[PDB]
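Have a look below at one chain only, the form deposited in one PDB entry, in structure tokens format.
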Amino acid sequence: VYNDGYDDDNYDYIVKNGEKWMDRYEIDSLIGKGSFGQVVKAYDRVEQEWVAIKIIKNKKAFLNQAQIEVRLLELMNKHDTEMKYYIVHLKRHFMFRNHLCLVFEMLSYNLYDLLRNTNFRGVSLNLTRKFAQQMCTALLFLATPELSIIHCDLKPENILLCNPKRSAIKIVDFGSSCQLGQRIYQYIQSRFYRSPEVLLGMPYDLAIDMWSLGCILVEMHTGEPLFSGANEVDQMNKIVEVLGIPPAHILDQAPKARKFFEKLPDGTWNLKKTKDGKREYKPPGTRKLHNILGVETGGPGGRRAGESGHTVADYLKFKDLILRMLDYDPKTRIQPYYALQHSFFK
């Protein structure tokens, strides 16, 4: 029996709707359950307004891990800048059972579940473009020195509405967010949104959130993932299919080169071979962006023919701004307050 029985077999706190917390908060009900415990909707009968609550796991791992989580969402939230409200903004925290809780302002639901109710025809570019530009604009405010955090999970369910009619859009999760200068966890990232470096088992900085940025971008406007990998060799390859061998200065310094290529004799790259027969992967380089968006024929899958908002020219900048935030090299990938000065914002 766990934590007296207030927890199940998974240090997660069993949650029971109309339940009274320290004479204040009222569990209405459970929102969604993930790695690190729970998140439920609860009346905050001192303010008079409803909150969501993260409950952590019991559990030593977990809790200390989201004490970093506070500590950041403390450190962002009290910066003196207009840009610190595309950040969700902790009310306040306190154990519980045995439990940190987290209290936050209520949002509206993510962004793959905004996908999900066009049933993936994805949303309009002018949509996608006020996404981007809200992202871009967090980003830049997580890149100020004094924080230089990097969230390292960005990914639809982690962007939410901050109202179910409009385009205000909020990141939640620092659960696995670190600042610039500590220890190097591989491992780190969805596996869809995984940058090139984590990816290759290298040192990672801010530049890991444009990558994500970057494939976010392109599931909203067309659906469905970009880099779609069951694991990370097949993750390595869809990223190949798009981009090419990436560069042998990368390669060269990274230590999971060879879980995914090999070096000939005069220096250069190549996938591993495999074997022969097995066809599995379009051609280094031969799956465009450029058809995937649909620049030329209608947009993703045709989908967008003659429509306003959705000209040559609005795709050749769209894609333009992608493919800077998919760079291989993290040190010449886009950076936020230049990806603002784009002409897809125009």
Given for the second form:
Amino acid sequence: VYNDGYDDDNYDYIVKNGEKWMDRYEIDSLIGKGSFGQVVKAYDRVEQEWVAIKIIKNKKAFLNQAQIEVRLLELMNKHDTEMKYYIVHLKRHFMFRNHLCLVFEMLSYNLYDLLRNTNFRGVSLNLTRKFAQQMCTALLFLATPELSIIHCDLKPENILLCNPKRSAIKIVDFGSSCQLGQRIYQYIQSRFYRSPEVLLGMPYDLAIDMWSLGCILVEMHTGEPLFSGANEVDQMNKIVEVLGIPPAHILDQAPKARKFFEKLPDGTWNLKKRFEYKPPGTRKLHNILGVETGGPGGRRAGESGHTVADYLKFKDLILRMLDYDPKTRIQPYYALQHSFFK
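Based on the form deposited in one PDB entry presented above, generate the structure block for the form deposited in another entry.
Only a single chain is listed, so you will not see partners or other molecules.
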């Protein structure tokens, strides 16, 4: 028996629908599970509203990580400006029967759920544009110097709708997040959304989030992951099928560059060693998006906001996001100036 019988064998609190907490919270049900513990829907009898409570595991490591998350949300929740309103709001935090608990505003489903309710056909380029603009604003919030927060784990599942009918979104789950100051694994981000500098074991900064955003937007419009690596080597190879071989001057300083590429005698780089990939740069984003053939699936011929001209703007913005060079990858302020948004 664990924690006087309240935990199970994974350090997870045993959620019992209906329980009341501190004479304040009525636990409704489980809505989420992860390596950190659980998320319940709960009714805050005092404020008279539903909340999402995140119940960290009763175990020292996860508690220390979650304490990082809390300081980072308390830092964000110190800032005036209304950019902060695309980050999920921390309502409070407390210890309960040995678990650190984070009370959040209650939201609706995440964008991977939204994709499944379309049967992975994707949402329209207009909906994607509105998601893009919210997300860049949210990254611009994180970049403000006092914060300089890497989320470190952007993907559809961590972008939630506010309300199932509107298109407002907030970013959740700052449990793997860090400030420019702090760090570390280099094994961060989910594989499909992992920046190349992370794969090559280079130093990363806030720019890695902007890579993940690039891949998320494309996936939201086509329905399928742009780069679905089944492991690090496959990941980098799927990237290279689209963006070609990464600049020499970056590979020249990439600790794990020889995990994927051979330096030819002459100093230029190529891929290594029977179904081959597609030649570098040959699966062109132009055909993935369907720029000239009715958007993904042909399904958008003649729709409004999906003229070839809108698709060229989109492709431009994504490529600027999928820059290999993290010092020239488009930054939040300038993604918002792009003609995709005007």
